[PDB]
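Shown here is one chain on its own, the form deposited in one PDB entry, set out as structure tokens.
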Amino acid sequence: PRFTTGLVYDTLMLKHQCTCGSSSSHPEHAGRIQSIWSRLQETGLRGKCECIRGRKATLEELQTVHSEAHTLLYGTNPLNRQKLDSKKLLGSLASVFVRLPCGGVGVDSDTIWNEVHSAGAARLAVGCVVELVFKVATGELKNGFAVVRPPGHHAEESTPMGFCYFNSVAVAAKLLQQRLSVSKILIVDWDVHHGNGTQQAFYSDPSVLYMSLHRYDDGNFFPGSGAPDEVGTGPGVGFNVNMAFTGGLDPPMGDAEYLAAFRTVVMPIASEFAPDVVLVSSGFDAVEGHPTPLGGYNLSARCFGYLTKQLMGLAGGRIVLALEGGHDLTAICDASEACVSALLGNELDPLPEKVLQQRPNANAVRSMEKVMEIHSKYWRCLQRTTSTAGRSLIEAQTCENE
């Protein structure tokens, strides 16, 4: 069926393409997105999905979010500015490529061309996201997952950072506004790090609700931004929600804490807002397997399928997820699989009874209540009540009844 879940991916985002990359004997190597694409295939999820062809963002598209100067530097191929040669032109190409132990060739990661190819892959990743987003926003597709790299959510107007050159999700949102006049867009960013770029892009805009869940720990975790305080400016006051977790890893945030955060902050506010489209900066660095500096949290991959199913209850299900961070191949492959499975309407493997029974930790509850206190000023859904943040899912269920 063609009104179904869309997928985007492009081999030209990859440094090196190898067949048998995923492997099942000994060797590692082969990156993040190639590994996810391979998992989507051997699970057969790609077969149920409509594979969409991506493209480069135009330089005009990139400038919906970023400066002309930023876009020209990182967006354009650098060899075009050096007036076409032949001997010097051939010399650069011998430095770009390098034969690898498996017989295949790829972009040499131990040369200057690494970050140049990354900036080019970023321009491709943006256009890939925009294509999927528009096919979903238009009803051509129901759903979407963008298997894309590098990430984009830290990339600011005139500043690349955190491996981000261009903010794919923010660009796609700007284009929905300009080209389709979409009245209300919800952007949920569940990468473990604050999406400073996306916040900045829409900070004074009430037409897009930006909601980040991230490790904040009072300003000491990368990128250091995203205080619960930061609620928007001008007409956008109230429409920036930083579900900032504080208290460190005493204990680490897990499934229960994020599920509680959705129950008490994300779904209430998002439902009230009532978006026409939902975009997700879907990093997977919060899942277990991302030690303390990179991540520190231990969500399960299957929690992400449940978080996806939740967001699918908004905007009539007009939702697109785009990969951001996450490193551990198993973790991001398990999470990607759980998310695409959810998007296809497959029955999700139940959460373990342990998770459903578990009350969120005290640091989590305190983090959630600080956010709700701050945002009660802006949302009718947090003015009616008192916090049930410290209840488990089953308790919340039991104590909704009578």
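Residues that one form lacks are left out of the comparison. For clarity, a rigid core is taken as the largest C-alpha set superposing within 1.5 Å between two forms. Positions refer to the first chain, counted from 1. What changes on going to the form deposited in another entry:
Once the rigid core is used as the reference frame, the Cα position of residue 28 differs between these two forms by 2 Å or more. Core-superposed comparison between these two forms: the CA of residue 142 stays below a 2 Å shift.
Core-superposed comparison between these two forms: the Cα of residue 119 travels 2 Å or more. Comparing the conformations between these two forms, with the rigid core held fixed, yields the displaced runs 15-30, 77-79, 112-120, each spanning 3+ consecutive residues whose C-alpha shift is 2 Å or more.
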Second form
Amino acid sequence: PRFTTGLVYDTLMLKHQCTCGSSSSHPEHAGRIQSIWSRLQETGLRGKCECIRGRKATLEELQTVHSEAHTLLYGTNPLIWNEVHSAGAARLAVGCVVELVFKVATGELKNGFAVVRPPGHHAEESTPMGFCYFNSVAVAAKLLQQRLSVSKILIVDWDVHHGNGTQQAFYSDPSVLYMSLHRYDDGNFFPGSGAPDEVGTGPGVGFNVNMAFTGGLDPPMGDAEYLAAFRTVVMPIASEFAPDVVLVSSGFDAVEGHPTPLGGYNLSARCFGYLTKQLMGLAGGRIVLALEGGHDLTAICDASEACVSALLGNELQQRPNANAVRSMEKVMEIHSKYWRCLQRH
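Right, and the form deposited in another entry of this protein, after the form deposited in one PDB entry?
What follows is just the one chain, with no partners and no other molecules.
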């Protein structure tokens, strides 16, 4: 298989759909991945990528993160939740991510983008929430640990909501660095978790980084604020950690056009191209992006285009607001205790 960008998609993930078939009444809908896929087709980006076949995760693979009971309950269906197809679709999302992750980790592909639903980052050990059932990215990381002896994994979560599930999965593990940029507003946004002072536990202390933006939408966060977060917090810590593989929980709901509580921020789709490019400089370019949140179809299609374009190696000022500066300072202050690059902050 050609050493280029990988894509994974599967039409059976469209069948995690309520029988009413409405986008309106359920914002995590089939049209999210359908629209991204055709956008990558239309722009000729699919033709420059290796499109790999996906599969269902085994119950055993799901049990690297979730309890047996949870994997039986949402991973099998004897006689939104589609009573026929959701169990299969949720398993497909995990297995598609896993397949792409391994091809990149082994050197078979350069990098990749997983066009998957339902999303994963809110799913805890025994609890689904936020339209997530199994944590696809966490399962893929665990499998890298158990089947490829990957010593250091960076998980970057740039979905605008905190990935409570992923934080839980690796909270005591120093070999996985979980790094979330999210709207936090002192605990008063969705889900409500992800404080800057949650740094990990036991051997994992210092290896959970919550880049929690606080101060609400006054003014709302934008390109300059995320670029500054990347320059002052994300990349210094990510570089010092020196990961062997990068996984990105890539929600696009920070993009302009997501009203609160689905978003509230003013990132441009282009900015995600620039963030992707910055993460590609780590881990010998071994990076996989998996779709998490993001609702508005033009926003997520634009941001996907810019990420996949950046992954292929193509190409395409302002001070950060006082709320953002205060937020970054709170994080740097906490993490000065654990990271040499922030010792003097």
